[PDB]
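Visitor: The residues making up each chain are set out below.
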Amino acid sequence: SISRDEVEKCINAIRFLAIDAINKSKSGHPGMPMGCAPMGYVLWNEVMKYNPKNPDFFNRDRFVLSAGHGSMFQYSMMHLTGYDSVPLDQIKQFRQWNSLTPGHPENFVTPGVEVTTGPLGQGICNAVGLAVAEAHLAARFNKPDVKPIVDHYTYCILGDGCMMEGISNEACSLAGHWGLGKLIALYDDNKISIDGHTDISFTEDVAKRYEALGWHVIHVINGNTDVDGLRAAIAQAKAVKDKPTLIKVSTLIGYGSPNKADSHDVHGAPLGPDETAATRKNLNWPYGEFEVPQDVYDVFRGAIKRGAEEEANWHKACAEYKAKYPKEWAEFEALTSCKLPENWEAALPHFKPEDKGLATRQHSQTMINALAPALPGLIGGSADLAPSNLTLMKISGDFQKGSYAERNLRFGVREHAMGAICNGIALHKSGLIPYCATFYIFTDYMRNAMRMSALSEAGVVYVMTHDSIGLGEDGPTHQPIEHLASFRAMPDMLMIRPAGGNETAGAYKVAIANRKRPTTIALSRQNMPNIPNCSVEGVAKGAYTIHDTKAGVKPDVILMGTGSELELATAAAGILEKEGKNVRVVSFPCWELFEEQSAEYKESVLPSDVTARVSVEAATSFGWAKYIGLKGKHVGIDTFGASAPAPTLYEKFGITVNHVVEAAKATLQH
Amino acid sequence: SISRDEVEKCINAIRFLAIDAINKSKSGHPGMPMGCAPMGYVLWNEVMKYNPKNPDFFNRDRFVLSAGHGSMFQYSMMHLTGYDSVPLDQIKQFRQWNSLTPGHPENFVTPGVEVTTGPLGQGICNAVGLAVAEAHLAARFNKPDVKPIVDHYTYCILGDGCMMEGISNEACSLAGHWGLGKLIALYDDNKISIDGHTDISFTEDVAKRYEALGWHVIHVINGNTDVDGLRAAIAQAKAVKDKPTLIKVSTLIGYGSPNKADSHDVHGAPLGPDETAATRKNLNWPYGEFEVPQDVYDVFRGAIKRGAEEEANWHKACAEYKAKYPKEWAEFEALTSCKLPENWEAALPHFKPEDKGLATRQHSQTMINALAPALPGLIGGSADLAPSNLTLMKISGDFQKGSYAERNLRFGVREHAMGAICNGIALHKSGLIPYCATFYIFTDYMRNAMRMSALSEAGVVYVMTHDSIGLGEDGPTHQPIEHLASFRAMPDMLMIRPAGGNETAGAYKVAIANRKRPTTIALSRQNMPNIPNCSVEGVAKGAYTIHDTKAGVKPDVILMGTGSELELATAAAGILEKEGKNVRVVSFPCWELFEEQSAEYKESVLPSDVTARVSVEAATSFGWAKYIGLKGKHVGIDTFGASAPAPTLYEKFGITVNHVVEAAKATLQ
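Protein sequences, first through last, are from chains B and A. Under the authors' numbering, the first residue of the first sequence carries the number 49, and numbering increases by one thereafter. Under the authors' numbering, the first residue of the second sequence carries the number 49, and numbering increases by one thereafter.
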């Protein structure tokens, strides 16, 4: 198909597209793309299965750049191979306003970028999730007597920064435990990022750690010019079926640059005009700024016909599968379409006040088991112990090596990777709906992956038990206080705190409907009543009125509560009513959804001329002023907790009916 | 000396103290204390150097329980050996209100508990930092011709949960790289250690991973009864001087329980009455609830006399060192007293408006260099960032194997472990004042360690650059939005966002003064002016007035800003004044310190009858209603950012002088 000199020319086109883009932006990271260009050549021209004119081709191989600062690498490949999202005009707007070439790769901007990377380590974990999705669907759907309808590899390029982050060890431990033989990680072993060389903080035996994790390791000593060995390494990775593979590819950062190759300076600053001149000379490249030779395009643009044929062949496979297995095909199509099934929502049960109250962590278990039969894509699990979490799907077993069709995932004590792996599962874009679960307090371990769900529009459902001092004796290491505020402040993340059974159903209904935005649901250890007028529909409104003393009469005072504290507000209202006050009780399960309601709706709940307002929530008062104002009062806890039984903690910290009444009286004086 | 039989008796006394305590509390984790009891016997009765009547003995070995759910293990040991913080009556109040025996070990509650653990993985990291402290002080102060004045080991017990958490791989990578030969980690390898999960989720070769990280590894195949082998393992760990040692100790969780040993049930629920009587039977233990046999006390309480001797010997070594090295001794004593040097605060420079503006990340570099010569305990560094950041102390070099006396630490891309390591450095209680640094956005990687700083009353200074969309082109993966709010909400963490040089000095003055509470300082990429009336002292008030149109006259509108946005408030004030308004400008560098002021002070800054209020900050509106009210307006950004040059981002997102002016006009109604 191609000569060694024309491969070399193709390799250098990748290099100079990156270099010239970063010179023009005056911002960015040329050294990694210069070192990785040979891998890009092999991956995009010889190995990966994809359709550049259809980034949504179900059975494409997935590529993730975990080393996201090297974004000009991926954009160079995508332009070269004919993706319509990265024409040359977009290369020339790297890092500019409203370009499709942001500084770090972003799935939500650029068709053909699978996930969002940049924060180091996230990408490799997302790749693990993408491989889980492939393995799961392959196991559930492939039949032995016809061609496979699910069969693709997951490729990830990562560097020393990714290898230092603990999240990567977590995820790679899991990938080894699960035997994910279609995950292939290419490690850019170039001895750098931002503090000199790596002999300064990073002298561990990375290949030996990966063996310890259950990976197959292959060493490419010369990733600068050994294209044959890169091809051979990738073939050997494919022949190892039962373990993920790490290809350790030694490169020179900034390869080509006479003066700045193998330096820290080429990591995170443009080469600049002088050195770019010298690099063109040194690599014998006569082509001008952004000018890729036509023969190089005729090579890379071969991906267009090759991808069209791959996709046509997969359609052939699917037609033949459908012929023999129409029922299974119909299920595969309905799932992978990402359309939610007709009537799934009716699976959710309803509660009456007469139903004896349960903890919302128990309601949540009810919801998971109600939904799993209705939602073929529901998949997930815990970092915990589902005894102390209640998050298993009774209809399925445990996902493991040799039982990849099973739907319950056991992450171990790996919160951060669990989140990022879930991102990958959702962003496979095959209709899998990932939920994951731990104590709410341990959201602090996994905060960046959770933010990546919100940024990348990945509808992960975060099911978070033990939401407050209600957990009791484990004490303030385990008791959330700031956490609700922290997620309310986070853009594009729903933070739902249901009070009772209906609102827990309501919380899950919103979470499932939000395929493109994550939902965190804060759940109690302790029992709570089913309060009259709490509803499924009320959750969707974010805040809704559940009591007025007198219909049609403006409240004297508004009491707002959430979750386990809503009952303090309803009880306080009864007391205040007996003194002749007109009280409105508002349940506030989701602030974000209340802000998505009309002005008229928000005013109907919280009339602007009623400033006598109390909020109650076993969490900080921080943020509450948005609704309680300067003249209102919060009943909660703004300090850390303490180690004691929950009923003692509620009394000692003053989270009580009597304090709600006192506060209501204070706000009536203003 | 002691017989095998008397040892066994002592081991069982640990087991039953823990079991009986957890039965009474009806809450807790007996399995790990039952499996680790032999290690406890060896460590407390034979190996560790400590004074149970002086938990502040400078040269004590440090012990950290990383597996913090096993807290009754440590409390049992402390009680048996004579610590006055854990009398029997406190054993009987495990997990109760205001006891000295909280569910997880807490340094701020119980003298003799060194750090706060429970969140898995934190303890091993904090142990790395305690080892760093010891290695550093030893290298700075020990002299080759007299007995050392710094010489102690750092012991950590950790389990499968800590081993699965990424933070521990980060910290153990650093400990290997640094060759921390006085760190000895005892790994409770009790598979069924849950979660996860037996041969579910966790099948990696932990010993091989640790070899990869540069550790020496020892296997104790029978941690249930091989006391001789545990003794030998610890001796071998001490003989390896140039690597941290992992002793992999195979135990049966719940050892002694005939029906629930080696089960998930015994991990995190009390044995209960039936299984406790069975265990009493199975272990041939006749003694009643909380009854430690006197002959077991006479063994364990030997720590009193041994501890007094150890501490007297250390005092002897100190007298001999002082005789020959009186200057160096004076320095050691002043540092290790934890008292801050008189006049250290004078080291901070002052700025005036004609001084050309700089980025607060540059001001912070100035402050670090001003303080380092004045503060002998200043130590710290960065997570792969000191060129973009600017956080090196020019008076010292790089902490590494062979140069432990140096004060700049290079953590690599390991933000979470950096923070926990720093907790350990602080909580060595030897005067070291740790700072650590990264882009503010990456606080999300390290959030639990930061929260542990606040809970544990550790005075770590978090120096966080690139605080906003002012960073520009890296885009929304790197641009903080919710971060200021998230730290404002965190209990007992100061979140300071200085505007200009004076406030940067004032942020550092606050941070260093606070040896028992952490400070996070958010710093800009971009330059900003030195604004008139900004001051060191104003930062300590948290919010303060920097402009009024007319002395004596009540504002019509109050503009409040922080950091790089304070200039937008001052410029907007001038425009509004030219129209005829009276304007007050308030700088809001630290919300926490403002809330510590008197009601009269708060009212002096934010008069209650003036409700026309605008806040401006390149961050979310969330939280700001506390000061702007329902009628006020925020100029900021509540969405994620975007990848473009910073000036473009400020204009597109509406964070401009003109938007402050328009917002102010809207609030005036």
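Any given hint could be a false lead.
[Claimed, not checked] With a straight-line cut-off of 25 Å between C-alpha atoms, the simulated BS3-like cross-links for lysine-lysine are:
hint, chain 1, residue 1, chain 2, residue 2
1, B, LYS72, A, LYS700
2, B, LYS140, B, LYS387
3, B, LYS449, A, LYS477
4, B, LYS140, B, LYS449
5, B, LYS256, A, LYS700
6, A, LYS370, B, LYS256
7, A, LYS598, B, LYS700
8, A, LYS370, B, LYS74
9, B, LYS74, B, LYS195
10, A, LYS477, A, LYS370
[What the hints assert, rightly or not] In silico negatives: residues of chain B with every beta carbon more than 10 Å from chain A:
hint, residue
11, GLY151
12, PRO167
13, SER216
14, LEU222
15, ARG349
16, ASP403
17, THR414
18, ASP432
19, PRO580
20, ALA599
21, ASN630
22, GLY671
23, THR704
Don't read these hints as lab results, they were simulated from the structure. Note that CB positions come from ideal geometry on N, CA and C, so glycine has one too.
Visitor: Is the Cα-Cα distance between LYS140 of chain B and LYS387 of chain B 25 Å or less?
Guide: Violated, because 37 Å separates the two Cα atoms, which is more than 25 Å.
Visitor: With d taken as the least Cβ-Cβ distance between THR414 of chain B and chain A, does d exceed 10 Å?
Guide: 22 Å, holds
Visitor: Find the nearest Cβ of chain A to the Cβ of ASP403 of chain B and say whether that gap is larger than 10 Å.
Guide: Answer for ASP403 of chain B: holds, closest chain A Cβ roughly 28 Å.
Visitor: Quick one: work out the minimum CB distance from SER216 of chain B to chain A and report holds if it exceeds 10 Å, violated otherwise.
Guide: 8 Å, violated
Visitor: Hey, is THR704 of chain B genuinely clear of chain A, shortest beta carbon separation above 10 Å?
Guide: At about 16 Å from chain A, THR704 of chain B clears the 10 Å cut-off, so the statement holds.
Visitor: Could you grab the alpha-carbon distance between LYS477 of chain A and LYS370 of chain A and see if it respects the 25 Å cut-off?
Guide: Distance of about 21 Å is within 25 Å: holds.
Visitor: Quick one: work out the minimum CB distance from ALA599 of chain B to chain A and report holds if it exceeds 10 Å, violated otherwise.
Guide: The claim holds: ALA599 of chain B sits with its nearest Cβ about 25 Å from chain A, beyond 10 Å.
Visitor: Was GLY151 of chain B rightly flagged as not at the interface, with every chain A Cβ beyond 10 Å?
Guide: The assertion about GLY151 of chain B is violated, with a minimum of 4 Å to chain A.
Visitor: Does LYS700 of chain A lie within 25 Å of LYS256 of chain B when you go C-alpha to C-alpha?
Guide: Measuring from Cα to Cα gives roughly 49 Å; hence the hint is violated.
Visitor: Evaluate the condition: distance from the CB of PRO167 of chain B to the nearest CB of chain A exceeds 10 Å.
Guide: The claim breaks: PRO167 of chain B does not keep its Cβ more than 10 Å from every Cβ of chain A (closest is about 6 Å).
Visitor: Does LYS477 of chain A sit within 25 Å of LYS449 of chain B, going by the straight-line distance between their CA atoms?
Guide: 48 Å, violated
Visitor: Going straight from one Cα to the other, do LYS598 of chain A and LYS700 of chain B come out at no more than 25 Å?
Guide: Outside the cut-off at roughly 47 Å; violated.
Violated hints, listed in ascending order, are 2, 3, 4, 5, 6, 7, 8, 9, 11, 12, 13, 14, 18, 22; each of the other numbered hints is respected by the structure.
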